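Generate the whole structure from the sequences, applying the supplied hints.
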Amino acid sequence: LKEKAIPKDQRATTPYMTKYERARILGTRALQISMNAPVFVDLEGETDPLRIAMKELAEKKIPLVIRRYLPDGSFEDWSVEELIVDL
Amino acid sequence: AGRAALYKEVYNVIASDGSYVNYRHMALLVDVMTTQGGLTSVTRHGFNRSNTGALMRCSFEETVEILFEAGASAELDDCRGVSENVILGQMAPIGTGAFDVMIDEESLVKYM
Amino acid sequence: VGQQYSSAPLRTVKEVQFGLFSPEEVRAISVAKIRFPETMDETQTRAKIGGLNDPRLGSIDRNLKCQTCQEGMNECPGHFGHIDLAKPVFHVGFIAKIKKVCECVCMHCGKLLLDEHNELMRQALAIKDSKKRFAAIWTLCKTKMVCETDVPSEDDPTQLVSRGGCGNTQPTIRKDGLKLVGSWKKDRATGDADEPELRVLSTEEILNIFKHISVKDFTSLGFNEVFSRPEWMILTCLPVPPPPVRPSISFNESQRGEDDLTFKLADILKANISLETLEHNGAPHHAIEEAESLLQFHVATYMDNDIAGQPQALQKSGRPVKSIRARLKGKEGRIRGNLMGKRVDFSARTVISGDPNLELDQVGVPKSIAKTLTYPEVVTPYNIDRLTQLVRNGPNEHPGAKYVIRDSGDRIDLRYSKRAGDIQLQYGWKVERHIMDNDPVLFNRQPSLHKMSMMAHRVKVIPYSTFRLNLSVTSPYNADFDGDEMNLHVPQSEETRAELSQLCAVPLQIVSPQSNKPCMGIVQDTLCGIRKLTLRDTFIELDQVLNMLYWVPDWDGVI
Amino acid sequence: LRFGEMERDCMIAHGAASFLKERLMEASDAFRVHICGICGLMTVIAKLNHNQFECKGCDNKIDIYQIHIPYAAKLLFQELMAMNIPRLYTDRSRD
Amino acid sequence: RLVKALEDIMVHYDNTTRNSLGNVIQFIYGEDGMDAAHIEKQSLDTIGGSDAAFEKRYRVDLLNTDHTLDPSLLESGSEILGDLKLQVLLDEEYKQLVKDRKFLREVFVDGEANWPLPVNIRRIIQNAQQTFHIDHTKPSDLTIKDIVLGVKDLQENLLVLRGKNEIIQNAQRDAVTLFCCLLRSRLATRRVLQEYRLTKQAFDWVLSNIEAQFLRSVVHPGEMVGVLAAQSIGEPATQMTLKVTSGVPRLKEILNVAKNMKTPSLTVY
Amino acid sequence: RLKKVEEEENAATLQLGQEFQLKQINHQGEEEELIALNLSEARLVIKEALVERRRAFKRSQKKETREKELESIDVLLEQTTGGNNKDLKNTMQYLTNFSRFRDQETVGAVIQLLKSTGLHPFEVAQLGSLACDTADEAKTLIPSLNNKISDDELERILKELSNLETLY
Amino acid sequence: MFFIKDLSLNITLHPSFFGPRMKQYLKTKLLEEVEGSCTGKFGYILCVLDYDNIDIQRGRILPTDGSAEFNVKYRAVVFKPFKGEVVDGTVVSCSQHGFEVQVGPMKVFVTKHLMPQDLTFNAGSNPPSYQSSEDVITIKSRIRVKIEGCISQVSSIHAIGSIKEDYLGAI
RNA sequence: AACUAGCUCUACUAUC
DNA sequence: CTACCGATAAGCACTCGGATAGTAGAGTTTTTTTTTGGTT
DNA sequence: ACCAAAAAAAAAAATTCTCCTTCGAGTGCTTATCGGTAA
Ligand SMILES: [Mg+2]
Ligand SMILES: [Mg+2]
Ligand SMILES: [Zn+2]
Ligand SMILES: [Zn+2]
Ligand SMILES: [Zn+2]
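These protein sequences, in sequence, are chains A, B, C, D, E, F and G. Note that the first sequence covers residues 69 to 155 in the entry's author numbering. Note that the second sequence covers residues 1343 to 1454 in the entry's author numbering. Note that the third sequence covers residues 2 to 560 in the entry's author numbering. Note that the fourth sequence covers residues 1128 to 1212, 1214 to 1223 in the entry's author numbering. Note that the fifth sequence covers residues 840 to 1081, 1093 to 1119 in the entry's author numbering. Note that the sixth sequence covers residues 14 to 76, 117 to 221 in the entry's author numbering. Note that the seventh sequence covers residues 1 to 171 in the entry's author numbering.
Derived from the structure by calculation, the hints contain no laboratory data. There may be inaccurate statements among the hints.
[As the list claims (entries may be wrong)] Which bits of chain A does chain E cover? Going by a derived footprint, with three or more residues having C-beta under 8 Å, they are:
#	region
1	86 to 94
2	131 to 139
[What the hints assert, rightly or not] So these bits of chain G aren't anywhere near chain B, every CB distance computed over 12 Å:
#	residue
3	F18
4	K23
5	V34
6	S133
[Unchecked claim] Label-pair ranges, simulated between beta-carbon atoms:
#	chain 1	residue 1	chain 2	residue 2	range
7	G	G19	F	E45	32 to 40 Å
8	C	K180	D	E1132	53 to 61 Å
9	D	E1132	C	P10	44 to 52 Å
Ideal Cβ positions, reconstructed from N, Cα and C, are used throughout, including at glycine.
Spelled out as structure tokens, the structure:
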């Protein structure tokens, strides 16, 4: 009942961004830049939005933060960059 | 001991031919059946008549009568089950849905 | 582009509450006070009489009333009217529960048999799960057929104080189909002090009793005060559903296509008006009860067709009338055919053959069917050239389009396309075009037995309409090449097509979690060939090895 | 073509929830209605041209929200309370 | 019926397993947290063999002539003899191994060695051997202290429960005990020097690869494992043809008890 | 939800409704009374807000005679984009008329004197309803003014501040 | 009347505006919709408080599209008209049945019968002239009229008050 | 560019 | 001797029954009467 | 004056047995009922 959140310390969630989260972020940015969002990573004349998003993820300048839930109801969050992508 | 024996039996049945499958599946099955203080068969009236969301229950072998019972008891559902979303036509907290997608400003400021 | 935009906030739905209708509020939300049992052609021209069938509710066709909300027909969610009944009637679903309740409460005073002075009902109150305590109370109040007034004898030292309302004795209760009766045996004031009085209970009596129960006793019995109070168990003011649940199909020559339920409603209205006029005049009091029985019968049938089989509720045709329960009953009724599973758009189905040349992840797709389906995008500073080329191409060659969706909801057909070489497609627009190559796509072969039987695929475009795929992926689909078929699905937004390219691509499905060993493989042709090759006693000459080294796409270029 | 139980179940196994929603909604009903949170019911009446959305009976010119649900589901609801039984809200109530 | 019974049940971001009510059914999914993919029929080694064979495979003592190793394997293979620190550490390792042997003999009465486990160690050993042109002649540069520490360090760094309290620590040790015992079995000092011959560089390489793969092997938090299990068990049910009941009727009998067995016979020893 | 009315049709006594709850929650979670200030106090707060956007708009640029104040607020509007905020003007036209004292100094001094007293803002706020300082008219209008305390007590409190103030 | 309190508003941002300047864009937008607001509950919202230090904590991307939603909490200056109160104001519009007083933002309309009897007005035929106590017909023409009926049907507050009561009428 | 195909009732098949 | 459970069985009363496809074929009130307009 | 179409108004609805008929499956809920037993 007390504000149902947590500081960015003492976080018990895994430090590895999971494949579901990967696909979600990729699709979200694909739709985002798809309908003319501001782009951040320099293009190479590559037209496909989804591959642009993948290049952004590899280059790691994604301006997103990921929300995270626990069965109790209290939530937790992360920023994309502090996660590490391996999968 | 009951769950142990039941797992043994079902593993025997499956391994009788065309074996096999990983132990974890059977373990999960026997447990989710037995975590009730007893045991319950998977019938129209074994597990379905148990404290659980309304719609997902009514989506199996018990069409309307269950709704009547719900309305009479006037209970409520929080719709955190997959069915409840599906009937409700909203993204259920599944896979990609198991988390929210949140936005930040400060990173946007930092990298312009 | 806005579906007739509404300036109202939108939000998801997080919670659903279940309950009954209190008669007063359902009457409040009503719009019609339906009297006439006729439906259409007043005297008898057009413009359905202000009885049934929109006095002031859901429109009919091309007349945008919507109860004068002008919200066409597609927008019209419907509106409700209400009907009135001379006498209270039961509710077939709500019969066993009401019987248990009646046994549980002491009529003629409107009180509980058991009250917090024995331990037993106290523990029953203690077990507050939701409902089981109701069963406990029911099985504890089966006995004590007589209402008491001074129960507590030994909790207090020897005395006894007053808690009971009446000194009367509650008759035993039974039911016969649509009706229930009480048995006043009572061991006194009866036939030879033993022969009981068999009296059929009057509904309204029960309903008065039901009001007289105290509020907390509902909680005791599990009724939620604000949402389900027992007196609402009985039906008094039956609500009326709107038109869009009872269409007028007009089956193919000139019929009116009147549904089963609307005839049922007309019949019940006839019953109501008949009972009203009968009782209003000199009631002989030997037919009014029959009118009551008939009216309850009709409402019962309308609420449900399939009570214990003493009646059948046959229609005026011979097939039995069809009610709500039958309408939405399981197995293709309104849930498993119309809610949980559906017919979708953007799909195709055909027969298939092998291909020893297409790579594993793609799928052979037929040029014509490729033109048939479509897919929208959004106009970008990146896609403008290609999109322009396609819309120039037209809807009658592969790399083409079929619709242009601009900023506003302006569907522009390219089949007519009186201005083909005109449009220039400024930014932020949507263009539905054909399926070019390397597009994500869903492939599936019902029945589905495991995680596989449906994965993603890239797309090649092939003549000779059929489907083509790789021999390797065969076994997981468990499909032949004799005459079998699969099903095709195509995403509709960038989000989804992305969502498929990372969790359903057959590259990502090599190892089956089901049996912790790969579900892929190679099959009879290639297997036999490799065995006939990779054995010591064979060899090869110069030409063929060169052709082989050229065959492998990933050849380094070294002999 | 028909989308069936087991197909949906396999989708669930994959977990492509967003694709599930899109395929089940846009290839299908994709209907929109407003409700009265005070009602929790399916009964509000609107005047798009007049920008009025009042729920008569609940006489509230504020408690208005629009929800995207499948036409089939709302249908279900009409016969459901026509069967005389279902409130709806738009937020938690127990935490 | 099966698929309609375990829809909601799944794994949340606490490595736990709840229905759509929050009821826990598996505190750790599969009691391992290892995804169903990352399993091989890898071969355990400690359980098998005879006591003498086990001793010869693992026992080693510098101060004794019998189980001592040849100095030629180690660059510092001669002067290493005599130190009390090294002998003490080796004895501690041997005690750990024999305790593990007792444990495994307890867990499996049959003693069958092959079992389904997370990430393999064999393959990485072979490819490490290849990736450095390791020969059969040169001695080994890495020292005993190196490996005897690194083994514990690696088994410690493996993490499945990102916790901080006591109970989580207990479970985390518990949840990985079999894998750590197996790893200890495969990475015996005697085995390493006498057959594996690894260099210190390659040793660090394999340690890092082991850790990376193990982290790769965690269950992805957020899949609907219950549906997967149900559909998986269902699949073979159809694909099967056929004085003791068996087959699909028996399957239904257990799955739907139905207190009537027709073969209720029982076994007595 | 059974209509959850808990409301009363507004009266001269200002009977507070549920949605105008007497004790209101806060985002931080503190519980406090329904924040209301008299006709006098609001005007200076508005002036402070206006001068705050004055600094904010001189920051945006580098990228007592009510009419000039209206045009100044208009300038606040057009510094961002062309001002069509007519209703804000018309209310602001009456905003100085909301304030009991027209001159800035008189209303301000009334505020600093009342803040020490801690008197209910309703009592002094009822003053500016009509252009009248005679109390008898207000006592006739609002009986609760007589009921809560007699008139003469009202003026023995009032004359401490009415001396500095000059009405419209 | 003068109630100042923190208010929460839901704001949807189109994704194309996802630039580092968005915070300024959000502040500007909130300025347009909030200022001059006239809601049924709070009456008409006249201006915000403490323009800087408003909390914009974070935002949720809509699942269907790039639209992002933000919930913001801000203190503001708002007036709430209340019934039973007497306000003098300009007679902007003149009608034969009864003079219509515009009390600043909100409007007051009164008929001939509501008109006070102690202060006899010739209001039936036309807007009342100069008579017994005092009454005027000009554009400024402030007339003391009560408020007894508040209507929030439209995006504004309309007030009606009977004038046949103790001390009601122009003086 | 005038905007709709369309219900149930039994028989036969198609893969599995 | 006497209600006081009570466990046992008998009954009786329940509702359930693979996934898709594609056909084509017949009938979706009946009879009786009265009325009145087409007819010669 | 003849009559024919058609629309409107009412009911054909009785033979008889329980055969319905094989769907039998189980399971759960109700009810009789000997049967014992402590006061
Ligand atoms: Mg529940
Ligand atoms: Mg075949
Ligand atoms: Zn309407
Ligand atoms: Zn009584
Ligand atoms: Zn309402």
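Quick rundown of the hints versus the structure:
1. 86 to 94: Holds, because 4 residues of the region 86 to 94 of chain A bring their Cβ atoms closer than 8 Å to Cβ atoms of chain E.
2. 131 to 139: Check passed, 4 qualifying residues.
3. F18: 7 Å, violated
4. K23: 6 Å, violated
5. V34: The assertion about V34/G holds, with a minimum of 20 Å to chain B.
6. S133: Non-interface label stands for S133/G: nearest chain B Cβ at 62 Å, farther than 12 Å.
7. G19/G with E45/F: 32 to 40 Å: 38 Å, holds
8. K180/C with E1132/D: 53 to 61 Å: For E1132/D against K180/C, whose Cβ atoms are near 41 Å apart, the range 53 to 61 Å is violated.
9. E1132/D with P10/C: 44 to 52 Å: At roughly 35 Å between Cβ atoms, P10/C and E1132/D fall outside 44 to 52 Å, so the hint is violated.
Violated hints for the displayed structure, listed by number in ascending order: 3, 4, 8 and 9.
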